[PDB]
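Okay, here we've got a single chain as structure tokens, the form deposited without ligand ADP, with questions on binding and movement later.
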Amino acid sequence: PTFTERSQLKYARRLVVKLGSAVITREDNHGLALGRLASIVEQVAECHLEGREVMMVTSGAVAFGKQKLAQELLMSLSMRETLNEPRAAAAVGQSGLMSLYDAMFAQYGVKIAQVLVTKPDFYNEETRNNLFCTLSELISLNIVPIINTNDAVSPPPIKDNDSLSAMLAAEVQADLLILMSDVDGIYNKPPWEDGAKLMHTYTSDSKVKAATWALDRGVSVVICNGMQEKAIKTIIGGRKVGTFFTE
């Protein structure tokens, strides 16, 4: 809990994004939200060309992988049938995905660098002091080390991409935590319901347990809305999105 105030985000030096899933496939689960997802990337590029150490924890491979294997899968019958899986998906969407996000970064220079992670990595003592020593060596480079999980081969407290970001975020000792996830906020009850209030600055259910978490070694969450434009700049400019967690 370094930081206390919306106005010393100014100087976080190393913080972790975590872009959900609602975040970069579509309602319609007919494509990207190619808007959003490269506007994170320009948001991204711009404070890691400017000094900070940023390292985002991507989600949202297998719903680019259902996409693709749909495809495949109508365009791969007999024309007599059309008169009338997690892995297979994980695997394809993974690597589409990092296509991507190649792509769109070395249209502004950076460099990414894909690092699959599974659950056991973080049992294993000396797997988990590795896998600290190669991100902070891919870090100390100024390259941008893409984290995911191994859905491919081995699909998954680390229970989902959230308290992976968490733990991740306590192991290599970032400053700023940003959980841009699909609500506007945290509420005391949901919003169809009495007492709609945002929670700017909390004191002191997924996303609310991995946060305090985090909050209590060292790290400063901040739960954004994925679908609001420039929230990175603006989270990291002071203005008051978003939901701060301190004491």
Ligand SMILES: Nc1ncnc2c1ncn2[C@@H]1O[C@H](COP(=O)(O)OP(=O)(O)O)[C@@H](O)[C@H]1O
Second form
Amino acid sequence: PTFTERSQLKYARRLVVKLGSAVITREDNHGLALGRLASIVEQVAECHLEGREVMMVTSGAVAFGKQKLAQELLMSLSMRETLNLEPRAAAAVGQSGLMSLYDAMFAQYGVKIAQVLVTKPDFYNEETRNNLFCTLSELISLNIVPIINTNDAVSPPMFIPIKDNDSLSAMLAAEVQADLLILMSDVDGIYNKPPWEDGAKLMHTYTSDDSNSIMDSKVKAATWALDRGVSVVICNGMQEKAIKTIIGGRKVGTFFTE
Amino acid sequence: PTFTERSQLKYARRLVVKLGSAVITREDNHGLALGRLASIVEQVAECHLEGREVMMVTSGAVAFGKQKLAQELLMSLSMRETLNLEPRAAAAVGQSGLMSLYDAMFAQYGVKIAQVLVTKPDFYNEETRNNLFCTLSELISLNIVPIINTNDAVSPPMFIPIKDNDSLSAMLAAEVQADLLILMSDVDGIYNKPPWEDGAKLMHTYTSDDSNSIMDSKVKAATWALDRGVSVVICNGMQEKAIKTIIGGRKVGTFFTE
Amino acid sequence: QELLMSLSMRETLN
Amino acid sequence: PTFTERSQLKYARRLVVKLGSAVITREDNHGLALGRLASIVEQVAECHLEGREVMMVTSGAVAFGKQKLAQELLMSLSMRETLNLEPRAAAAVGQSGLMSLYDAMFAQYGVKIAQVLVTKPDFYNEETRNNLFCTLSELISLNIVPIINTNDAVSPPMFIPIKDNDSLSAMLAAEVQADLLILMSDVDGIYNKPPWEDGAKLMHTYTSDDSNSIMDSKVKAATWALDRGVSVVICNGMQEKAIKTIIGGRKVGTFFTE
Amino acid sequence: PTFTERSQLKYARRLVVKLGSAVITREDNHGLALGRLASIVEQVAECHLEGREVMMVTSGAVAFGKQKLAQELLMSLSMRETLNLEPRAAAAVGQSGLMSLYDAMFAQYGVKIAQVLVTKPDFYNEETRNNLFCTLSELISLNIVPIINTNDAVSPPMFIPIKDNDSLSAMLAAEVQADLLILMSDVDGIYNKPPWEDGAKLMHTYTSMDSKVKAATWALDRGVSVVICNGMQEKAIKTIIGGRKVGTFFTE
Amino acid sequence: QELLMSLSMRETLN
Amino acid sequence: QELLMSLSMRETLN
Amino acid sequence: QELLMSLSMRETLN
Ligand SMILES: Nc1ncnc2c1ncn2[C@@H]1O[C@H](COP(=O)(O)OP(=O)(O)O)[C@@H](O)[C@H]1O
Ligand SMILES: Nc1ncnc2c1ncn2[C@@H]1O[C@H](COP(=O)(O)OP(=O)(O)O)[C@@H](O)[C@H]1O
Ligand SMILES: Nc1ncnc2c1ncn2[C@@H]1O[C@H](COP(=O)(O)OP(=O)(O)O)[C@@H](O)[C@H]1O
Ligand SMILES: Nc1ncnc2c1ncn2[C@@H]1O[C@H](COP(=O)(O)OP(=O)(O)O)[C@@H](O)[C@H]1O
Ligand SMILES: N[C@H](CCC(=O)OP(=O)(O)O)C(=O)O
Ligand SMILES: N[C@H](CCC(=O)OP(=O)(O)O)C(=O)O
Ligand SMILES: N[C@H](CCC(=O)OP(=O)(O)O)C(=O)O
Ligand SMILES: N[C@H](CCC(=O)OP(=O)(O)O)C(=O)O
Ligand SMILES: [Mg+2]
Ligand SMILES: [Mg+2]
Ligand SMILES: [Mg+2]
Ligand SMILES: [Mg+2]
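Can you return the structure of this protein in the form deposited with ligand ADP bound rather than the form deposited without ligand ADP?
Let us now look at the entire complex, which starts with that chain.
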């Protein structure tokens, strides 16, 4: 990799920021988390109006869609039934709503966005893969923030092997040859033992050799994308000013390096 | 088909409205045509808040994207070069912008929309085709207006055989078993000889037998979708209150019937 | 009543 | 005045377009008329990206607010009351919603808008009047479209004497010394006798002398603003491409001249 | 007042939240602070979808307008001048843009907003004052969040005496007889001596910034109970109403 | 029932 | 040149 | 000058 110590992340030229699905929707499931969402959009816009080339891999279209569909189903019962959810339709509604919200929040900063929707078979056809990466590079070189997500509406991938919106981010940030990969999960980082025990220390540096022997999807994707040149940082999405302090060099999250 | 004379279109229960690409962008190519776009959205919202089940097959993501990319490329030259476009990137930018605009215009009426993006191989896998149609029926039965379009960003179909956003509309409105199919082209209808000649009368009723023997893509898709039960009406998108007078029964456009 | 008690909760609000 | 014959309106440098309240809301009162609204915004944006200095005097905040308040009041009854509107609150809600919609529709063209809210006592204080006109001129000289309206929320003027949103437009377009004043009413123009009679011809040119001796608010405001230099054109807002054919020189509406 | 100890703020039925002008725009002045703005809108929407009656007194239309006008003025010079701001116009542009943003962010939660613009002479005419308060009460009783601000576009009041967007908030929350008044300034609270000294402790309870102190003491003598907090803190309203020790609490 | 029949039409939809 | 160097920075971008 | 004449038209507007 090109970055070994955390003090060098100031010169990260190409980012790939992966927004989890617990960083978008609230715990009570009564709308979006505009706090975290708008704070991440603000940090990405101020890291993209600074020269870097950010490229977000969003998630959480299914959860947002499930909320919208629950509302539209509750608003269609008879007055008699009141007095006493498919993943694909949810994905459709949620993707539309989420892209509209991103569009508004980003246009508040003069930044423009684009919506690229990939699938699982688009990463086996060499022609389609090369076309996709030419498209991504061309969009990035025009100061446009692409927002990649799997086409959950017509062919969800759940039903490196792309099995979620994390292996997709690792494959992406390894082919575009990004410099830094920030996985904004909902946990503070990576512990040695699960948090509900005695000895649940945070690991501020995942040393490749030993720590590999002794969140499994995130660890697998991060180790893969690390063996390919990228340097991966796993942080907590529910923290204030996370990207701006990861790139700043302060000790935040887990930093996957040699 | 179920509708033979034009006076019976008042009872059309399931619509499929196909917006051409010349009904969305202006002739000078300096933005959208908010006039025609908002008028069609208003007619669809007032035909969907009336009991019908509308389902739009939009187009013109590539043109809108080409405009946005021309701007973002002109705003990135050096001050020295000023003093003396890929289809896929254009498709990405345009799809995002168009869905955001539809979202705003429809939410002005309380209506909700969903964005389903299909491709050419999604119509050969029987599993994927059946899943897509279950999704569409489930979205329609919740009073949500799906907005179908081909995934031009990663696999454009240009490069019944689905070759454009017209054969797609015919296949769609024949499988969902829609009642009416309205193709909003940019020409007043269908003439016997091209308009720039002597004898360029409009055909207010395309009688199946003879007229088949004596816009070729639109005619082919319309005849196909007519042999399958649907009844197709080709109208002029640049006309004021087109859908509301087609369904009203007034003589507008060409009506493909037996 | 039995017509006001058999409308969808969307028609009632309109 | 500076324009005597309708063929000279191509060189109109400063416009003042007054949108009536019947050009904004529909006849059934179930939302806005996005057709007419978006078409007028499109014509104003394409007449303002051409060098002119447009300045809209909007109306219809009370009607839009009344719709929103009827909804929010119907959605707050008990389930028991269901089974068997102040002008000021309506004005507040409607003004907010209308400005948001204008903002979206105009930003679709790169144009920026500003919201100036005047009252009746702000036209008697010479200090406040001069400050208001300095503000308007400064906003116009930055290629920003101001949108003037009376502060109906806290002091409606209904309850030259400014008695509505028409005398306001005449006073405005006479003090800013505009070149053309377009009153987009809901009637085709000005007839000699009311339309529901025999002899209801349209007057394509309101000759000052005779026609004065033989809609009374609009006529009074137009004659006033005509005696002050401005030249007033009264057209029908429910017509397609009204501003672009008035400025084009075609015979549309009534043209108040000497 | 009705609330004396901080543990009773859970039952605050009527709020009046005053957003400062340093809680809206960033320090570098290159756009809004969507972080703080969206977090406050989220807290107000989740405190208004819970039964309370929130009513925001926004500010910072002039700063946002100044940014927009600087852009539109820089984008209008000749190519030759490039190679080598009135408060009223700024107020107009900023008010429009801010209301549009609030509208979007609130409609993301199903909440509706209304824009009431008052001035200095509208608080002397008894008829106009009574009409304004009837309007506010009627808007609140329909589950609509009014957003009050001074009409800076045509008559800025800078040029209890209403001299800013703080005395306005105190007068408002004293006439509507609100229960709690939250002034979201940009400082952590109220210190005994200025922060850049030795002894700059925070006062967690002001036993009975000069403008904020004057307006708060006034609105306290009238029944309202005022809490001054730091707008740049995460989840400020939800922890003030929760009862946790945050900011300064003006009580007897 | 008499608790489900005395809620505002807004609480029922939530 | 002296016509391209006397346009407003808005006309150049259009 | 030759530094003001070699910036992208986006940096000049900021
Ligand atoms: N070794 C571990 N270290 C950290 N978290 C763990 C570990 N094992 C399990 N977890 C839990 O697994 C969860 C992983 O969340 P994740 O699937 O990344 O959320 P999302 O996909 O919605 O962003 C965390 O909430 C965490 O509590
Ligand atoms: N026989 C015909 N009848 C009508 N139009 C025709 C015919 N032959 C050619 N045309 C022309 O072909 C064009 C077809 O436009 P079309 O491809 O439908 O536009 P879009 O795909 O952008 O909606 C029309 O503009 C029309 O002028
Ligand atoms: N002499 C006249 N000429 C034209 N219209 C008239 C005349 N007398 C009455 N009217 C009617 O008066 C109405 C005036 O509408 P108006 O008040 O301008 O609507 P708005 O204020 O909502 O834009 C028109 O609808 C028209 O039918
Ligand atoms: N005694 C004091 N206690 C706290 N802050 C003080 C005091 N005296 C001066 N200040 C300073 O005065 C400033 C007041 O800010 P303020 O005018 O409320 O901002 P705004 O009006 O933009 O919200 C604070 O930034 C603070 O640093
Ligand atoms: N189909 C993807 C699912 C992604 C997903 O849920 O996984 P996660 O991002 O939580 O690790 C989506 O659009 O939400
Ligand atoms: N890929 C599709 C192209 C559709 C198209 O251009 O054909 P048309 O709708 O003009 O007949 C799109 O999103 O624009
Ligand atoms: N207070 C103004 C009323 C204007 C009005 O209704 O008169 P009109 O524009 O119909 O002639 C408003 O905001 O609607
Ligand atoms: N005219 C008001 C100014 C209010 C103001 O700046 O004072 P502050 O809210 O910072 O204490 C506005 O719209 O910003
Ligand atoms: Mg995962
Ligand atoms: Mg075609
Ligand atoms: Mg009138
Ligand atoms: Mg102050």
